[PDB]
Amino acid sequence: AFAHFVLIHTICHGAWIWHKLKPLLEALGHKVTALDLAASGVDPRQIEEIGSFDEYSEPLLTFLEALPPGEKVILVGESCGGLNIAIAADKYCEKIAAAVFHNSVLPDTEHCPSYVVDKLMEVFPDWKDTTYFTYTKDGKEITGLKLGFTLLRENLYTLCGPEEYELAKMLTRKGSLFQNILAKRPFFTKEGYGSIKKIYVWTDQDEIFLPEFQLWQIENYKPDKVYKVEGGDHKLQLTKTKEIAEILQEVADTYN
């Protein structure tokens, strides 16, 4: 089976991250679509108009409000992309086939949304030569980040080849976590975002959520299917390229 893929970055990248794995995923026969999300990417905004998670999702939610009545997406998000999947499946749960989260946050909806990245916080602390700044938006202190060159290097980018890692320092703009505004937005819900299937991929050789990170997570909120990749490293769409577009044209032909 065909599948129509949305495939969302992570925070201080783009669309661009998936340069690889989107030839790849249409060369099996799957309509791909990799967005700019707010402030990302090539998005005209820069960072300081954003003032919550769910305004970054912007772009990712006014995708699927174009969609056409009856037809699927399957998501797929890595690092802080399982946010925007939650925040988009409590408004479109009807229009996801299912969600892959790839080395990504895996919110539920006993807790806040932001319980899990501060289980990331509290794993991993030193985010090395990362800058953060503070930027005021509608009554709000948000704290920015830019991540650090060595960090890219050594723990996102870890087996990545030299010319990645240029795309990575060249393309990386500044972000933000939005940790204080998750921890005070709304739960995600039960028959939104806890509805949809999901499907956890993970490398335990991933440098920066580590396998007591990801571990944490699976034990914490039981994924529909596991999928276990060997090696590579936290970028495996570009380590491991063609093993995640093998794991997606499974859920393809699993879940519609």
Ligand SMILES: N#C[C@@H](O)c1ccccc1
The other form holds:
2 protein chains.
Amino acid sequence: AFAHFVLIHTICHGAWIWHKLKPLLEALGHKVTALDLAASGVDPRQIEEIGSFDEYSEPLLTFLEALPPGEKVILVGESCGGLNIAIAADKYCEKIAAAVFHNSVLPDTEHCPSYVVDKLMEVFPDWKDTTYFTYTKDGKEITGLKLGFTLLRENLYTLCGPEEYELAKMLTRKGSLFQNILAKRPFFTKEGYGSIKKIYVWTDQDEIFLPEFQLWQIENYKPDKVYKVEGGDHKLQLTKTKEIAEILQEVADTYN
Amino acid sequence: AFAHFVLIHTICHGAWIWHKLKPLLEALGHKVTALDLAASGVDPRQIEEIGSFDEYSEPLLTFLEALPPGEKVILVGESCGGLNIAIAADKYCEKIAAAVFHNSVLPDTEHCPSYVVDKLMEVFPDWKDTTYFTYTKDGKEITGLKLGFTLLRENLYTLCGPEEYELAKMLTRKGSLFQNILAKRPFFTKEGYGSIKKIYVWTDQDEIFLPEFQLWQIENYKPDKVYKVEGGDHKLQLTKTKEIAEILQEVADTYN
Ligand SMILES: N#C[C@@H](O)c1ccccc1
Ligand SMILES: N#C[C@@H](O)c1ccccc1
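Now show me the form deposited with the named molecule bound; what you just gave was the form solved without the named molecule.
Then the entire complex follows, led off by the chain already shown.
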């Protein structure tokens, strides 16, 4: 079967991270939309204009709003993209056939929205050469960050080719986790986000979202299905593109 | 010998086009700077804020200005990048060891700055699915454009892989040739631009900068050296990356 996959990049990244996976999925006959979230990729906004993870998710929400009645999509979010998925699911649950988490945070409905992010910071406290700054938006002090090149090389793109790592150095932009804002955000709902089918994909060779963290997330909020990809790194859509496409094809044949 | 190469992308593109060449040059021991020109790549400005090819060249001029006395670089410009080279050479000729044109326009000093662009439009009049728009800046009506996906696929990235073509579809932005502005711009000078060493690199398999055009440019303004790369396409830095690196190494060993 064919599906319409909506690929969602992580913070400081853009649609470009899916440049290998998108054409492969299309070669299987699927429709693919790879969005640039607010102040990401070639989006015209700067991060200082964004005051929350919800505002950051605008392009995704706007895209879902534009889907004609009856049309459903399969969301695929990498790393922090899981938060964009939860936000989107609480507004357009009827338009989501399923959500696929790709070495991604997996928010729940029993704890605050920042819950899994707070845990991640516990498991991976040292972001190496990553730099930080602060800006104010809507009366709140937000912590912005720019991923360090060494962190990118060693922990995020560990096994990626030099040409892929180069794209990261050239294209990654300042962003934010909006952690303190998430902490005060209303909880994700059981009727919306809680109701969607969730497929969790990961590799135990991820050098930033370590096994302890990912296995902790799986136990905390049981996915409907779990796929473990052998080898690769945090950016499975670059290092295990074929494997990810095969998994997504099965998801398309399972949920509609 | 080692050199400091400054890679200059063409209109509607960004530093990302050099994502394969940059690490290869560094593997040879060179220093490489791949800039995003105004309103290009991840530069924060939008094209409507830019009123001339000179303003568009700001990042390059600012970079050259920051070079300490005595430090020289080898400029490498692709496609329309040759115009940025000419503009830069008339301001920082002493900081340029040589300029390498990569399937690039080759401005001269005997004719108006728009001369070779006007000729290009004669040789390649149909830009297929490319779209156009107009905006006003500093009292002048500027024609903006967004490269069509079919033009990108068939004429610019003819032999590039699907993952490279995907990057182009995701990252190319609105831009402009500022043709009418170039037509009224003071001529490039003989003392500045005219004095720098010029190396012309091209392939007769280029599907947009056709042989008739490139051979016409070579006869119009004789380069100090001409390198013809066999095969490949308009984006030699993607399809013949190794060959381009070998040529640049020879240039580094020849001009300083
Ligand atoms: N890749 C990616 C980003 O989501 C990221 C960057 C740094 C730490 C955790 C996550
Ligand atoms: N590649 C590239 C651009 O410079 C370009 C795009 C369309 C026509 C001519 C040149």
